[PDB]
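Please build the complete structure, drawing on both the sequences and the hints.
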Amino acid sequence: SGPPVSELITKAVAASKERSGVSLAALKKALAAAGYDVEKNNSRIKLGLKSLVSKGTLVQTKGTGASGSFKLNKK
Amino acid sequence: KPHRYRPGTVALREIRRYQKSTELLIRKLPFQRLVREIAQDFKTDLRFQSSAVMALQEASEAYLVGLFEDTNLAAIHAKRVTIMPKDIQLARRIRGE
Amino acid sequence: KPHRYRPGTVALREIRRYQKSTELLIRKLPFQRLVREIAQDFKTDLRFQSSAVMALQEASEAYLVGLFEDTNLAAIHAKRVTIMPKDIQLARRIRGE
Amino acid sequence: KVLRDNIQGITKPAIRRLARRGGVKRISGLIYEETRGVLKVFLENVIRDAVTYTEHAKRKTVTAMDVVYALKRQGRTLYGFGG
Amino acid sequence: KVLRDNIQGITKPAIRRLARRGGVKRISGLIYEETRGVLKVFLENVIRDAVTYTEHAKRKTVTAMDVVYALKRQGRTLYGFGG
Amino acid sequence: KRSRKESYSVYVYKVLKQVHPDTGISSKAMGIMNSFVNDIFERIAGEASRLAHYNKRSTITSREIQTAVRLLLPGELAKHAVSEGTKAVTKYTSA
Amino acid sequence: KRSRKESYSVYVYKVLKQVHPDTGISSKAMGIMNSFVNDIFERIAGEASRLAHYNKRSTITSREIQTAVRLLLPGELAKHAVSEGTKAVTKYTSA
Amino acid sequence: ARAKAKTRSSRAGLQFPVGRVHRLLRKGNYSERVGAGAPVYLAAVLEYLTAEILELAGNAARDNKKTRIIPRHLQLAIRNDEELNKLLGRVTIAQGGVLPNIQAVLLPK
Amino acid sequence: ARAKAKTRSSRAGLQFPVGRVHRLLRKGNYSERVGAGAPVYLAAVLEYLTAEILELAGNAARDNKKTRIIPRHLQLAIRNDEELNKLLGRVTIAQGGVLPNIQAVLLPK
DNA sequence: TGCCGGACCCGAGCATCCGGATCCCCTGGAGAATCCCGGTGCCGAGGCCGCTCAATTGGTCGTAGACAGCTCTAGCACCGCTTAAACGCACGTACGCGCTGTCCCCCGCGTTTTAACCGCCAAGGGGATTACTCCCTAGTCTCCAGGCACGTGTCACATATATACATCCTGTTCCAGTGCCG
DNA sequence: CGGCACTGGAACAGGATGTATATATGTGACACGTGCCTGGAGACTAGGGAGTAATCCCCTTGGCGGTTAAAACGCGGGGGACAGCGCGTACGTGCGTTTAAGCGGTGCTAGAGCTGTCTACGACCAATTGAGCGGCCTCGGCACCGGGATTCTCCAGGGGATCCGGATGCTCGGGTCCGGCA
Numbered sequence: 036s037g038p039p040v041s042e043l044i045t046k047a048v049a050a051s052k053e054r055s056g057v058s059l060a061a062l063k064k065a066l067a068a069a070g071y072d073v074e075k076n077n078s079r080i081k082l083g084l085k086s087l088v089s090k091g092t093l094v095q096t097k098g099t100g101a102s103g104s105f106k107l108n109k110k
Numbered sequence: 038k039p040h041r042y043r044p045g046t047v048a049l050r051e052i053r054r055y056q057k058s059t060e061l062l063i064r065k066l067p068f069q070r071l072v073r074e075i076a077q078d079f080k081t082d083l084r085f086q087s088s089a090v091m092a093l094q095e096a097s098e099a100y101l102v103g104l105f106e107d108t109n110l111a112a113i114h115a116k117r118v119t120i121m122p123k124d125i126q127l128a129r130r131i132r133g134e
Numbered sequence: 038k039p040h041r042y043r044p045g046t047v048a049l050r051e052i053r054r055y056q057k058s059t060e061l062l063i064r065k066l067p068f069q070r071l072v073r074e075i076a077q078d079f080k081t082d083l084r085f086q087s088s089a090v091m092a093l094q095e096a097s098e099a100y101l102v103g104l105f106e107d108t109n110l111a112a113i114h115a116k117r118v119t120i121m122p123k124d125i126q127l128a129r130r131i132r133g134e
Numbered sequence: 021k022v023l024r025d026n027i028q029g030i031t032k033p034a035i036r037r038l039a040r041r042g043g044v045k046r047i048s049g050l051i052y053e054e055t056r057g058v059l060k061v062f063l064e065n066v067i068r069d070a071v072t073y074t075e076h077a078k079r080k081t082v083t084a085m086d087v088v089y090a091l092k093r094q095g096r097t098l099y100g101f102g103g
Numbered sequence: 021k022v023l024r025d026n027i028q029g030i031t032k033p034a035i036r037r038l039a040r041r042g043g044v045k046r047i048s049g050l051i052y053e054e055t056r057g058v059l060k061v062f063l064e065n066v067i068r069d070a071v072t073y074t075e076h077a078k079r080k081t082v083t084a085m086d087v088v089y090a091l092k093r094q095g096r097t098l099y100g101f102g103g
Numbered sequence: 031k032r033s034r035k036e037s038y039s040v041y042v043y044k045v046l047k048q049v050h051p052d053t054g055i056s057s058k059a060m061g062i063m064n065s066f067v068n069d070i071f072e073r074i075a076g077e078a079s080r081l082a083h084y085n086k087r088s089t090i091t092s093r094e095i096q097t098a099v100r101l102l103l104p105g106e107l108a109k110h111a112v113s114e115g116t117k118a119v120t121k122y123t124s125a
Numbered sequence: 031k032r033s034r035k036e037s038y039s040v041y042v043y044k045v046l047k048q049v050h051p052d053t054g055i056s057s058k059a060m061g062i063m064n065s066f067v068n069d070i071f072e073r074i075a076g077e078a079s080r081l082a083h084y085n086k087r088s089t090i091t092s093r094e095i096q097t098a099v100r101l102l103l104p105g106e107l108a109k110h111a112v113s114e115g116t117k118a119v120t121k122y123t124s125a
Numbered sequence: 011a012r013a014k015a016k017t018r019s020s021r022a023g024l025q026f027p028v029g030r031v032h033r034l035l036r037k038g039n040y041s042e043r044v045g046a047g048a049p050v051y052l053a054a055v056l057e058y059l060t061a062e063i064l065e066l067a068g069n070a071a072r073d074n075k076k077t078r079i080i081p082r083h084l085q086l087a088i089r090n091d092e093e094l095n096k097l098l099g100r101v102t103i104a105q106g107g108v109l110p111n112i113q114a115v116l117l118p119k
Numbered sequence: 011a012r013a014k015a016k017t018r019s020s021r022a023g024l025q026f027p028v029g030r031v032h033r034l035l036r037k038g039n040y041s042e043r044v045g046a047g048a049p050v051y052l053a054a055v056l057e058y059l060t061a062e063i064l065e066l067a068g069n070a071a072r073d074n075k076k077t078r079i080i081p082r083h084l085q086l087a088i089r090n091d092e093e094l095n096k097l098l099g100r101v102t103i104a105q106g107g108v109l110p111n112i113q114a115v116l117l118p119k
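Residue numbers (UniProt numbering), protein chains in the order written: chain D, 36 to 110; chain S, 38 to 134; chain R, 38 to 134; chain X, 21 to 103; chain L, 21 to 103; chain Y, 31 to 125; chain G, 31 to 125; chain B, 11 to 119; chain P, 11 to 119.
Everything labelled a hint here was simulated from the structure, so no lab data went into it.
Please note: incorrect hints may appear among the correct ones.
[Said to hold, decoys possible] Taking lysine-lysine and the DSSO-like style, the derived pairs with C-alpha atoms no more than 30 Å apart in a straight line are:
id, chain 1, residue 1, chain 2, residue 2
1, X, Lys-80, Y, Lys-35
2, G, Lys-121, G, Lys-109
3, L, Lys-78, R, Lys-57
4, D, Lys-106, D, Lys-46
5, G, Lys-47, G, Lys-35
6, P, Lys-119, S, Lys-123
7, L, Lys-32, R, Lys-116
8, D, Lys-46, D, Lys-75
9, P, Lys-96, R, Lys-38
10, S, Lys-80, X, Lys-78
11, B, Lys-75, Y, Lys-44
12, B, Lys-96, S, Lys-116
Here's what the structure looks like:
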């Protein structure tokens, strides 16, 4: 079963904490290495990361939308 | 809801239809208008065999068709489907024209 | 540190150098050996005027650099600086080979 | 007596018909006039030598045999009009 | 006498020199072998016809004038070799 | 009446009934064929003319024509044409 | 005994000295020039032979070459060549 | 007292007029002398190419159930045959159309 | 007894041997007769083209500061005349090289 | 016989499991375009006849080219050196490559227009044809002079080498934005 | 919120290296003088290819009306083109290294190339005829028309799936069960 996608993307972004934000490609590779159906839930995880950006829990670093980089919030 | 096809599919059917068909696609009377327009620029009051104009047409749109497959190959080869004039310019250069 | 020119500087310098120079670039002896090898495929017992061989070398090199410039402008159209043989095949096929 | 604009008699439906027979799917809006100019260039290239033919053949009527010559010295060899 | 592998008688740096003369800046590794095949096709054609010339000339040595014929029958015309 | 205009339509139509006894012909296709055969005739005769220039020979033989056939024709077309013309030359030699 | 071979390199040299008395030339450059002369010669000669063959002409005059060059030459070169050959043929005709 | 005149076409057993084509060669301004067997040979190979193209065109017309040849099947015969197409790459056909050639990249999902 | 041998080139004021031109026409078998002004016109337009191309070669050589013209001077002369490039596009030149032509896309920034 | 604490059973917490909201996916409804089957009327194609003109036979004869022979020449083959380039690999970076966000441009479907096409008709412009006659040029004769071959020498030019500048990349300093504390 | 430490980002200096130049030195291949002859030229003749006169007819161009399917514009919206980000690899470049082409010398010959011979085969002309070409006809295959079969293609919608939030129930701790205790 597993948790909802918010859990997985939060450890995807919190796995490394690079100086710049984690890119969409790097977080996709992280979720692939940890194990998740990125093949089919790609629209699902894109709307999920869009949701977490809109909730303000996550902040997009460089790009807008799914492109660019993403990092954790201030506090 | 009224019937409406998605874009390109009717264009694909047109491609198929026209690749089977062999007839001229321009209205011919403007083509003789162009022929006499360009011809009077070299010598005025020249008369024309209609067969001469038909040969001019067949050669003309034949050259244009071959240019169009080359243009389509250029449009695809730059990772696209839509043609732009840079396809035409590249085709003209590589054809030695 | 020891110096290292950034990529493209040296390449453009050799482009200037060999657009300045006129001479043949491939070594003449292996080309001659290839000429003998290819001609042996048709008929044995053949001798070769050297003038024929340099004519073949010059004509072949000119043919190659012409299609090189063609594929160059094709890759320029394709938004790239790195040539791949798909460009060469497209240039041959549109050119008619 | 003179002719001023028949190049805009080249309808963009005819251009896109040749594009479909030429296999072109999606067409920009700026294509039409440039192809008109290119084909027009081709037309003077043929008909200049055709005019020279009819002049050297001492006629005032253009025939298809001169058209055959005019296509063929550029190697655009068309069959069914020679004879 | 008997020759086998003059396919690699064209070296890669010779191709890079030609490509710098050909204005090419960045060259893939896949380029050289495909160009080798293309040049083989071209030389097989022209040298086959040169052999046809020389047997028609009944000679056991080829001449450069045969090469002139071989370049002219597709209009790849070269000057300065007995023409 | 008018002047006689020579055509290959009779001869090509004979060859047609040799290979396809069933099918008919259009006049447009036949004009295509005549333009074709006259074109390739002047082609092969032209390269034979250059061969006569290069060989400095006054009289045109079949040998020069077979050579020009290897010049024009693509491959197995050339070999089969050489074979068929060879047999035709032999039975013409024996009349 | 060597067989005398006709080449235009002396004529090319005198043409060069006409246009540039101060200028020399290499032997391979003269070979290129002779190749050019022969090339344009065979082009114009074959074209004129064909134009004679079209209008059933058996005698070649300068009118036919004038037509054939204004075919083969585009731009101002055709007009200037026609003019210059016209003066040459005209004052030859007076001669 | 003259013998019965055969034709050189009959002497080769062929269809094409040897006298016509040999006359074309003589008045073509190609040579003053032409050997006897060369026009015979040329008529033979013209017969070969004619029968080849005509046979393939008749087969193509039979494919689309018509018994009278049209320029469309002439184009289909000439362009689907790589030796014939390469032989006549620079050759235009009137009302022959083109080969139907659809790029798979143009095809939708 | 007989008139002085006077050359037809001098009569036409020309340099190229019009007698040699006319002889090569006759051995070229282009027609069974040739009018008198035809090889004159041929010769004359050949000096015209030759003068033009040698003018271009002289321009290149003075630009290339060499007294004797070379095939590189020939290439550089001919290939900036685009009118000749319509005339002689299908012509290759021995040791002529190519026009130095680097595109702005190859240039940085 | 009432009284007070121990334990437990009742309320709270919070996790937990689906309730419904919502996004994607597969297959059927709908629509329509297109192939297949005759029907009809038609118009060019094939067959025939008559008529011509060039293929053919026959002869001659001359010369084009195939062969025989002699010569002599660059190609071919070997070899000894011999440095220029070929190869090769290793770090580095930047360019293809690929995903995504956005936007508006052009395929599609409509209304409106309009001139192309039929087709019908005349006029007449010039092409095409035969004939006539002669200007010129191929063929022949005899004769000469510049072109090619060949020799010979000699300066335009490559190479060498030492100077002088262009430029390319990279360290270094000045300066403004951000981040985190005052 | 401000202010200064931290960090990025741009301009510039400077060196090293290629790029370009100046001149010294063979140099051999350009360049130019001559022997000869064989093709260029002068003249004669033939005689015919071709320039022009005449014709006529026929094929080209224009005009008139009508119509209709093509074409032209509005909307419009989605999908492809483009923008942008980020990355990973595959040459770029920059060394060592192997070899191998190249240059120069020697020795050979097959075979190209020039010339005598002759001889057979093609060009040229009298006779002629029969096969090939032009016109017409008739017809039958074929193009347009009409109707249905077929098949592709696009959206509607119910089902799978998933996730924030109430339900819920078992768990986790305190008034009420429960029994000794005074």
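Here is how each hint holds up against the structure:
no.: 1; hint: X/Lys-80 - Y/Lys-35; in the structure: 24 Å, holds
no.: 2; hint: G/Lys-121 - G/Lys-109; in the structure: 18 Å, holds
no.: 3; hint: L/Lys-78 - R/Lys-57; in the structure: 42 Å, violated
no.: 4; hint: D/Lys-106 - D/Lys-46; in the structure: 11 Å, holds
no.: 5; hint: G/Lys-47 - G/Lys-35; in the structure: 23 Å, holds
no.: 6; hint: P/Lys-119 - S/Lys-123; in the structure: 22 Å, holds
no.: 7; hint: L/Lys-32 - R/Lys-116; in the structure: 25 Å, holds
no.: 8; hint: D/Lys-46 - D/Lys-75; in the structure: 20 Å, holds
no.: 9; hint: P/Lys-96 - R/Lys-38; in the structure: 53 Å, violated
no.: 10; hint: S/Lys-80 - X/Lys-78; in the structure: 13 Å, holds
no.: 11; hint: B/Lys-75 - Y/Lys-44; in the structure: 22 Å, holds
no.: 12; hint: B/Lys-96 - S/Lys-116; in the structure: 29 Å, holds
Going through the hint list in order, the structure does not satisfy hints 3 and 9.
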